[PDB]
Amino acid sequence: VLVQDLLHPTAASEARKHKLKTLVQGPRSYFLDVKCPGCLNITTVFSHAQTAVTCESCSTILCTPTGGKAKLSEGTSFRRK
Amino acid sequence: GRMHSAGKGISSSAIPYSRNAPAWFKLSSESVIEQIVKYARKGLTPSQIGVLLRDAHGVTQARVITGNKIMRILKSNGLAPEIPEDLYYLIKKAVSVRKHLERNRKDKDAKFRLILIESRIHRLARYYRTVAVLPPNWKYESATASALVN
Amino acid sequence: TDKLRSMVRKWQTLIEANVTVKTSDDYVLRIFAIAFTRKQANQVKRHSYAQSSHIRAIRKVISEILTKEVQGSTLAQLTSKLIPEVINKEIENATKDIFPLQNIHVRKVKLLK
Amino acid sequence: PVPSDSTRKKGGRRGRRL
Amino acid sequence: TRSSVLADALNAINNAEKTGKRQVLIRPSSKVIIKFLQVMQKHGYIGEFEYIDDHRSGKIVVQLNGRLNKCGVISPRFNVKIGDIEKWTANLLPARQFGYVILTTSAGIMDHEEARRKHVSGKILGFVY
RNA sequence: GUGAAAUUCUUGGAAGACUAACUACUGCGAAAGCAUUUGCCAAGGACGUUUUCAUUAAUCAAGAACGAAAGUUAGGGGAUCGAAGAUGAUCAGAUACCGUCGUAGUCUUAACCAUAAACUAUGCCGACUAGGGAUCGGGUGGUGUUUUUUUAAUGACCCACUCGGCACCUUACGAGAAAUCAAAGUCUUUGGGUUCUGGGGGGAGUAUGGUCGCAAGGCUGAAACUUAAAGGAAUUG
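Protein chains in written order, with the UniProt record's numbering: chain A, 2 to 82; chain B, 2 to 151; chain C, 107 to 219; chain D, 120 to 137; chain E, 2 to 130.
Incorrect hints may appear among the rest.
Stated by the list, open to error - Label pairs and their computed distance ranges (CB to CB):
1. B:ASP108 / C:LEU120: 28 to 36 Å
2. B:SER147 / E:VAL33: 45 to 53 Å
3. B:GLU86 / E:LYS19: 43 to 51 Å
4. C:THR126 / D:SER123: 18 to 26 Å
5. D:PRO120 / C:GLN208: 25 to 33 Å
6. C:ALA147 / B:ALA7: 32 to 40 Å
7. C:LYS128 / D:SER123: 24 to 32 Å
8. C:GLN208 / A:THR52: 37 to 45 Å
Stated by the list, open to error - Here are the simulated BS3-like cross-link-like pairs (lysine-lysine), alpha carbons at most 30 Å apart as the crow flies:
9. A:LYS22 / E:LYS71
10. C:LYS187 / C:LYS214
11. C:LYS195 / C:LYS116
12. B:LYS27 / A:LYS82
13. E:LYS32 / A:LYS18
14. C:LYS151 / A:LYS72
Hints were generated in silico from the structure; no laboratory data involved.
Where is the CB? At the ideal position from N, CA and C, for every residue including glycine.
Using the sequences and the hints, build the whole thing.
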């Protein structure tokens, strides 16, 4: 402290912050690819949803609305991105 | 912080540094343009279109892939409504709280909140009347609003 | 009475429920309830209050059990239910998945018909 | 006879002044 | 609201030089501030510095070496008219030998002695010593 | 019945109120303000957000709303306290503090009044500047735990962090007449933006005129004369 760098902040410490108060901001929310194996056609789903994104063809569910990250509804297998 | 209330809270989106790709992403512009046109035929507000193409479909942002945003598309494809969405929701909340006062004379706190809503109506409608996206002579009053908004 | 005063500790929440209910014959009784949120130990924070929509649903589940046990099989048999606190441990069972409780009682016995 | 407090107490606002 | 920016820039810089600091990060980073910093660096009153580029305004990180007494802003921009530099440098400089009252002319932002040498005038920004 | 006597007492289910304890250096509300259960209504804040919009902003003279109690008006309610008034003493005098009876009022439906120590006695917005632990709401991570049923899940709690609060505690670089103050700091090295108010004390918030109100009142608001003080902050008998 009292002589240091903000051109190179350390990684986990700069990840410790709130998203807005980082050095150059870029968010943390994620896209991924949910499979309920009844349909082998993958659904790219955001970290949060607000809305019950169901399966593609068979109308059941894939997620519930949360206060935080969206809840993958337990018939699930996924790559992230 | 908070034009008509006391908080100072920060809560928002944050557009990434990218003015190009995702490059996990492969699709074309026209596909999600068609999807916007489809959901406009269903009749949703552009916030709800952005929400639904966020979570359900893989779209990151409209403006990265398609250089006209969602309301530019609805205006450009002849499906823009009379009043923009936020002013509409303000008048909708206004006629809601007004009706709530029309059956409840007793709550003055609701009347205070109603007058704050009306102040936001006048400020925001004045911004819209400024840049001519309302007609100059656009008029707000509850007598007209009861048939106007809904 | 002094039992109820010994029940009352600070920093915690009181939960009372009440319901009016007829038995099989023409005998009507308003029964009460007392239940305190207990500290679910391994606590660090000192108080263990409830969350005030918790208290709604706890009062409702207590009043639900109070409605389910009474108006079936008159206050003789209902008192036979009330003796081994089948009711209070049922309150414990139904409430414990949210926030457990302590001092679960119906606290009174009185008729009005 | 503990009340669920009501029925304003005698003595006035400034109380029993002595 | 955030009514002026160079104000808050100089405020951050003075509060850092007070508390012994070596670097700052200021925001939201206008061109005028870059001009001001280049003016100070021309005399050396700060060290060097660096723009960073978010897609909103950028931010700045400045090295501040050892020699900032006070860097202040005059507000509002008063219309200096050449004979008034004697007024303002009489008021807000520690002596007749150093410090610079920097001012914004049609010929750009520069200190007062460059406005003596290039013989223009205009409005005033502030003062560095 | 009290400090004591005494006026005072000795064969003589309804009503109205309010939500104790739990009640916290805790939450909410623009304040003034708010604690039973349940319902519904319309909101509101914070958090999340790769949703939308693109200066729509800040402060606000004029101008309106809101606004504790008490007072005013038309009903009702009228269970309790209780300005006034009446005793019965005490004290030299005591018209009272003390008791007894106690009308209006108090409570409420429909309107004035718009007042308070409405006090944090500290305008509103914007940044920057120091350590510490607690605590509220929310969210994220965890080979944390609990719970058992079969692992989970949940729900609680633990832990590392992050915002948004009400707070605290120590400091002091700084500020100040000092008390004290994370703002009352970033002010003679005096300029981020902006509404209001003050210019010795008395006379006197009186006179005067205007103004709202039925009125009470409020709002607005001097001079003649007079005087050298009036006022804010520490120690030893």
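Of the numbered hints stated previously, which ones are contradicted by the structure, given in increasing order? No numbers; nothing is violated.
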